[PDB]
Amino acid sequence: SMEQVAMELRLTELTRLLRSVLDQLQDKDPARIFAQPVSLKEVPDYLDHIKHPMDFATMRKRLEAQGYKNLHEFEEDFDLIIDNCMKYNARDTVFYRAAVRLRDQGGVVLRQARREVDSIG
């Protein structure tokens, strides 16, 4: 149908918006602490601590599979990256501190992307 295509044009443009957002969030992690999943060879107990791991490459695979239906689902995944880190790592660590910074810097980008998605449907 013609409706299914127009929806697909929107999903595709939402995917195009979220990719820009994702690159902007990732530029706020220049140390690349959050680029890749936490290694289970190196942190073998990780899954006993963290039930839903998340990272920027895993967000990218889902993004390019047009697997984010809306901004909320995308934001949930971003928040996981931060929240997982802040639980697993103590306050006085480079890792915990890198998440606090990513969160604070991300907030601005996510504020404007909420307005852009509402604004352009």
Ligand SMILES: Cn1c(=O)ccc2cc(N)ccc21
The other form holds:
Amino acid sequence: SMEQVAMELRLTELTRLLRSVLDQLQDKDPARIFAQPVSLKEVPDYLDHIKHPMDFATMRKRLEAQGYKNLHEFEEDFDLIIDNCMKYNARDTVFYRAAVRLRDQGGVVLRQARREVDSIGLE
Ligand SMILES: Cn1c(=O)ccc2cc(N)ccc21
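Could you please show the structure of the form deposited with the ligand bound, as a counterpart to the form deposited without the ligand just displayed?
Next comes the full complex, this chain leading.
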């Protein structure tokens, strides 16, 4: 149907915008601490602590499969990256502090992304 196609076009547009947001957010992690999943080989107890791991590579895979239907779903995964890290690692670690900086700097990007999704009407 034409309606289905139109819906798919909107999703494709959302995916394009979220790809830009994702690139901007990942730029705020220059250490690449959050680039890849935490290695379960190197951190064998990780899943005892963290029930829903997340990282930028995993987000990018979902994004390219057009698996984010709206911005909230994308934000939920970004928040997992930060929140998981701030629980597993103590305040006096480079990991926790990287997450705080990513949260603080990412908030600016997400603030405007929300306005853009709303104004263009991508959800
Ligand atoms: C425990 N942990 C995190 O929580 C986040 C990122 C990270 C990166 C490496 N390379 C090792 C451990 C890590």
